[PDB]
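Could you put together the complete structure from these sequences and hints?
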Amino acid sequence: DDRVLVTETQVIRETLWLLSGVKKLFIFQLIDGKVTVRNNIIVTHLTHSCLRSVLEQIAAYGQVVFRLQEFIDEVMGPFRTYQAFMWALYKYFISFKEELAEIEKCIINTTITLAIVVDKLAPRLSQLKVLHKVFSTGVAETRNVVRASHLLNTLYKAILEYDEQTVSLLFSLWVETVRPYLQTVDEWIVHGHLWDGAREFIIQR
Amino acid sequence: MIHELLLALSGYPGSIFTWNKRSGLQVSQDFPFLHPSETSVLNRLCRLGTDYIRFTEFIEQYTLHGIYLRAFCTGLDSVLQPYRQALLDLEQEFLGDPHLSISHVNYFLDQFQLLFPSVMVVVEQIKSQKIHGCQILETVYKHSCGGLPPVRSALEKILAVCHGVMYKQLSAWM
Amino acid sequence: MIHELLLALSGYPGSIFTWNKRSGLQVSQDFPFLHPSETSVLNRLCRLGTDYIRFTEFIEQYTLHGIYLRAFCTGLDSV
Amino acid sequence: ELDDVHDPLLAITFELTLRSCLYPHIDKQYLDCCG
Amino acid sequence: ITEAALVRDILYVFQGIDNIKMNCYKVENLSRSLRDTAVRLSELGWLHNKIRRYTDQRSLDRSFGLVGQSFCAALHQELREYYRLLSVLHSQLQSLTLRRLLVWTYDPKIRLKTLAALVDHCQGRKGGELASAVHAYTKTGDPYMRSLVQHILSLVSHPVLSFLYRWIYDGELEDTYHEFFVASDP
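Chains as they are written, first to last, in my numbering: chain R, 1 to 205; chain C, 1001 to 1174; chain S, 2001 to 2079; chain F, 3001 to 3035; chain Y, 4001 to 4186.
To be clear, the hints were calculated from the coordinates, so they are not data collected in a lab. Among the hints, a few may not be true.
[Said to hold, decoys possible] Cross-link-like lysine-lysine pairs, in silico, BS3-like; alpha carbons within 27 Å at most:
#, chain 1, residue 1, chain 2, residue 2
1, C, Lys1127, R, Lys129
2, R, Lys157, C, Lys1168
3, C, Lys1142, Y, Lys4126
4, C, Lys1157, R, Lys120
5, C, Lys1142, R, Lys133
6, R, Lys157, C, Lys1130
7, C, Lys1168, R, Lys133
8, C, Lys1130, R, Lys133
9, R, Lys129, C, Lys1142
10, C, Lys1021, R, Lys129
[As the list claims (entries may be wrong)] Label pairs and their calculated CB-CB ranges:
#, chain 1, residue 1, chain 2, residue 2, range
11, R, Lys91, C, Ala1172, 29 to 35 Å
12, Y, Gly4141, C, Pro1149, 48 to 54 Å
13, C, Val1161, R, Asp2, 47 to 53 Å
14, S, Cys2073, R, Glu104, 38 to 44 Å
15, F, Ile3012, C, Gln1085, 37 to 43 Å
[As the list claims (entries may be wrong)] Derived contacts from chain Y toward chain C, CB cut-off under 7 Å, selection only:
#, residue
16, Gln4069
17, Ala4073
18, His4076
19, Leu4086
20, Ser4091
21, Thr4114
For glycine and all other residues, C-beta sits at the position ideal for the given N, C-alpha and C.
Spelled out as structure tokens, the structure:
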């Protein structure tokens, strides 16, 4: 059986791209919306199997970030809530991307190997696992008023479960998703009329 | 093989270090390149890896429910931090001089080898008796009066964060 | 191709960065001086430029007539 | 400008009692309207 | 059977792992001028297997108590030291011979002869009665032993002076296992 025998540093660069959410990578070739490690990858060490083990874990993280990127894509290419929800998600990704991008700087310009970049990314791979469970309830579902109510209610329930850095994320993710309702509620009060779109509000007049 | 081992002690099993769901980490069989006398010390070394794997598997699974179980695992990673940090170091020392053998690597663990074993049955009592509720703040405390100085200094940390929950609720009520 | 990229993002394509009146900016083919799985981001980055040119091609032609439309164009130059 | 009132409240016990300080913005406003 | 092979196995008999097999480590050819020194050098393992088993057997049950465990724990910081020396010796096998090894392991044949005879004098001692049977090894005079055991006493007698400073300033004795010499009646 033949193998490609990739070098060592090349893997970390590829892993960073998987974290970034980019597709079409020589490693982690997805097939059906499910990232999956290749079969001919081997390093001088690590006996060709531990590599399939360590990559398999990071792959599980790629799924969490690839699916979210697929979600943001299906909104860019007037719900006023999902569109207001992704802007919170999108805002989190830019800052998260900066930490991953910064690491790439210290690679081209100190020794760096696998077991170091992972432990350096512990407080991120932790925060990311939460989103795989918070968003799972925002994707498993047809009317526009039940898809937005059941989503916004899942956050306020999931925060009371976590009552620190994980709470600061969900809270900063909450405010930027309840911004639509707080607007129309105020707009209904002072301007004396309910100005809704697609009957998004729960009061279907 | 060094960097191969330092991953096996991290939670990633491979061909040299097979994984069994019942026994735990262990070496497969005799290897020609290495000596036939080392096949023992590694097995003595894996008795530590099995602990970390069975730890992190339970930590992720969160399993039973209750905040006092959530916080216990939340704290259980803190005591387990010096283990990881002391493992990252081993690679740096081996990166410098290429004359270090498994003997030195086995020697470096030293403190972790006599700590995990005593902090293994504390977990087993929980998953085997359905210790639900604030009753954890005693089951961990009854083992906090142990003689081993390292342990007496480990569980006290977990009790120091597990009290943070009660102290949160208690002030919220009073 | 670094400086080659910035010029393509300003409205001047080249040989490595071909131009099409139907699709828009896009990487031509595979090059040996680029990573095999890197062309992805460039195509995504080029989609940012493709919008920019269609702005200028609309702005320069001013095309429909009327002052409000024309002043909407100059308003588009500020943003 | 309600959202621009909830956010400043964060500047000056989380999301249950903290949320119980948002309503004074929505209740006094109501009291004027009905009154 | 060269001299480099025996040094290859001896570095493992120093731990318990067995040409040299397992009460003396009978070796099983080679010249008489080699078997004798091997039998002599291996005597350090039989002192090492016995001490490790004692700490292990007791590190299993919780019946030993707080004072006992402390003494058992003190037997590991005096074993990490014995696990380090082997690493430096191991790096030179790639030169040292049996004669060189004798001048190397002449001192740790004594520390592994007080500790391997300190865990037999206190076998069934649970509680303060253990901290009183590792103090009956200080009346020895030997400046190398009286300055080793008088350190294990400074660790074993820390839990005892933990109840005492509790039962004096606060009067709240607490020991599920009966160790303190002040026994309460419900």
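A quick look at each hint next to the structure:
no.: 1; hint: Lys1127(C) <-> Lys129(R); in the structure: holds (24 Å)
no.: 2; hint: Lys157(R) <-> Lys1168(C); in the structure: holds (19 Å)
no.: 3; hint: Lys1142(C) <-> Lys4126(Y); in the structure: holds (19 Å)
no.: 4; hint: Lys1157(C) <-> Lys120(R); in the structure: holds (23 Å)
no.: 5; hint: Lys1142(C) <-> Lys133(R); in the structure: violated (36 Å)
no.: 6; hint: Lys157(R) <-> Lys1130(C); in the structure: holds (26 Å)
no.: 7; hint: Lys1168(C) <-> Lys133(R); in the structure: holds (25 Å)
no.: 8; hint: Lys1130(C) <-> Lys133(R); in the structure: holds (26 Å)
no.: 9; hint: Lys129(R) <-> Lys1142(C); in the structure: violated (34 Å)
no.: 10; hint: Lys1021(C) <-> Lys129(R); in the structure: holds (25 Å)
no.: 11; hint: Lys91(R) <-> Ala1172(C): 29 to 35 Å; in the structure: holds (31 Å)
no.: 12; hint: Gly4141(Y) <-> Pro1149(C): 48 to 54 Å; in the structure: violated (30 Å)
no.: 13; hint: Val1161(C) <-> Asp2(R): 47 to 53 Å; in the structure: holds (52 Å)
no.: 14; hint: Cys2073(S) <-> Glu104(R): 38 to 44 Å; in the structure: holds (41 Å)
no.: 15; hint: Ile3012(F) <-> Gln1085(C): 37 to 43 Å; in the structure: holds (39 Å)
no.: 16; hint: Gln4069; in the structure: holds (3 Å)
no.: 17; hint: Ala4073; in the structure: holds (5 Å)
no.: 18; hint: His4076; in the structure: holds (5 Å)
no.: 19; hint: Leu4086; in the structure: holds (6 Å)
no.: 20; hint: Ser4091; in the structure: holds (6 Å)
no.: 21; hint: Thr4114; in the structure: violated (21 Å)
In this structure, the hints that do not hold are numbers 5, 9, 12, 21, in rising order.
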